[PDB]
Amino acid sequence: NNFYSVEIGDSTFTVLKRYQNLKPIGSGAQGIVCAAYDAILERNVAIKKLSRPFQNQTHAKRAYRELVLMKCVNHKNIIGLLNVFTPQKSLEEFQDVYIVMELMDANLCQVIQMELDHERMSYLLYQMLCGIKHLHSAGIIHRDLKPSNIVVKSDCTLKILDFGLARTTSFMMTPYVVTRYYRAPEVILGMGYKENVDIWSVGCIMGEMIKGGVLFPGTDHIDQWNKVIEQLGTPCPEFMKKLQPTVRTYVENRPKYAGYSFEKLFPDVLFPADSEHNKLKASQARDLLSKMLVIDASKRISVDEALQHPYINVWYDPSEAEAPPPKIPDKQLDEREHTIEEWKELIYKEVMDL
């Protein structure tokens, strides 16, 4: 009727006719999304088909939180929801949900592959921090920030795709994805998390841009942990005291590593080196990496302090950072699970009232 369908993109995508030339743009995301052009809105847009949101309890919780949060967040550095629709009209036969958002040219991983410069690097970091701080203002901690989770346009405008892992992780159900390369020590040591955990992830991403590869490539759960202390160094006594005993021992037992200094971990050679300023801005970068890639989260830099750091403060504009806090509509119980049929009705009602 007012919907048209295409089998291109490996499934029968049904969409309004305003979106046309649907083409696959999937390259690793937990979702198969396709690119499109809207006639009503001049801009080309990207559309996602959510396969069986109510298929299990885990799928629904991810979809329900994404839809409610995307609808109630307005930030330049966080992806926004243009329109949500479902081809089916009946709740009883309701099976699929489509999401349209501002199309971006590539993910941060692809942009990392191209060697960049301090001005573009500082700008990507500045935006990532503003998105995280905007999330923290509403009480949201991501803990799953990765370069495949970050999307960029050709003008270097950065946006964040997903809203992380909600409340809780090294072994998660099929809806979610487990990426350890950028996880903090606390999440890998069960210590507990506060808002500065996301600061650790950006430090691994920032270092990855400079180094050109994953900072801590761990084949498994605990090889990840060995890589962190192998280069950053063995933790100090006050930190290992508070860990629960079954894991405190593994820490005290593993071979002690002095750890390399950031100066040799991130030497000037890879950085731009002809300019003194380029070397100086490198000096501003290495200290920032020293202040966020800290195992004791209590002594790790805060999101607010990172924004006013010399490497990041040049771009400080209150519109991006000091934006009005986001308020979530039916979040009071956003920490609770329910029946699949009840799960099914709520997602339909969140899409059917827009």
The other form holds:
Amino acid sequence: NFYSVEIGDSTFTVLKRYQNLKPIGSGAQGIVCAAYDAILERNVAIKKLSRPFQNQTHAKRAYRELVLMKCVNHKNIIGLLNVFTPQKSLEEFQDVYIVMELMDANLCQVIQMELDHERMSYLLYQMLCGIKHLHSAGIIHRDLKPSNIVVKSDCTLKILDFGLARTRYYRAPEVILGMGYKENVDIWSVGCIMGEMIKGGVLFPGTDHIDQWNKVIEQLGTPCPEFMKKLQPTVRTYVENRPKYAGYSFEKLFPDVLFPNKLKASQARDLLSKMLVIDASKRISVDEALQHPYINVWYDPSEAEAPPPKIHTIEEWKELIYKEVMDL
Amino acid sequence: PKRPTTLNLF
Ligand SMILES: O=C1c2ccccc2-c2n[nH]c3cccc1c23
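Condition change, the form solved without its partner chain to the form deposited with its partner chain bound:
Once more the chain from above appears, this time first in line as the rest of the complex follows.
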């Protein structure tokens, strides 16, 4: 019924209905290949979790994903196609495979290239759609980097994981300094990408999380003292020991040169000037963003405002996970 | 405003 393809240093024993498996997934949460679903005649993505269970951690990180994928559903989020196991029983049960849609590639490069507001503002619009949905599902990503935001030739955008759940330049100050983070936390990440999409290069580089915070203040602008206090004891010092960096304006930061129908480019700046706000408490919100005149264009209630998704010993997991791969 | 049905990854 199943067949085994040896991919790299691990045998991938999937359903015969999947051919041409090719590894593209060199991620840590699992190995993901690109197969072909002969029973739909379409490109899918198969990810194998080798013995998800083996330690309280993994079994949970895995149990998380499984669950999420089953109830999370949006056109801008990596949709599930099929979870199965070759193991015949809970006994021998010890390997989980998830099939889900196959996208053409993440934003890692497309961003460099030059895209019109139409394609840009849009791709963005789509991200707020998944993110928002994700959010409306007690889920906040945190780890939003173009490295995990896949796109398709038809200009379709989707999200790969749920990242953290409860390459570093795309995280927000609340995580950098380590502090309270709200839902609008993932707005910082988007902000960067958009900029890093216009700038044509990482908005905030930095060799370390320190040199990271430094280049962000420098560039953006020193946290008005009120916020400074919200900082932990040692990190507050640091900032307070640094020169006066009133940053720059969004006009000089993102010059008109980087842009290409004439106001749109400054209309898009107004958004950045509300997405790139270090003080988390003054940073724009997904809702507000979708309403922004730069994104609103593409708005659509069916998409934007979607209906919310849904709601232990080692052995207990194996049983759980299995029970999960078995509900099909 | 017809949504872009093309994206150049290459
Ligand atoms: O890492 C990728 C990935 C990387 C580049 C392009 C497409 C994908 C992709 N398409 N579907 C899935 C499911 C899980 C992981 C990944 C995918």
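Residue numbers count along the first chain shown, from 1. C-alpha atoms forming the largest set that superposes within 1.5 Å between two forms make up the rigid core.
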For this session: Superpose on the rigid core and name the single residue from 231, 95, 283, 83 whose Cα moves by 2 angstroms or more between these two forms.
Result: 95
Exercise. Does the distance between the two CA positions of residue 11 reach 2 Å or more between these two forms, the core being superposed?
Worked result: yes
Problem set entry | Core fit, then residue 26 C-alpha moves 2 Å or more between these two forms | yes
Exercise. Is the C-alpha displacement of residue 57 equal to or greater than 2 Å between these two forms once the rigid core has been superposed?
Worked result: yes
Problem set entry | Rigid core superposed, the C-alpha shift at residue 258 between these two forms in Å | 2.0
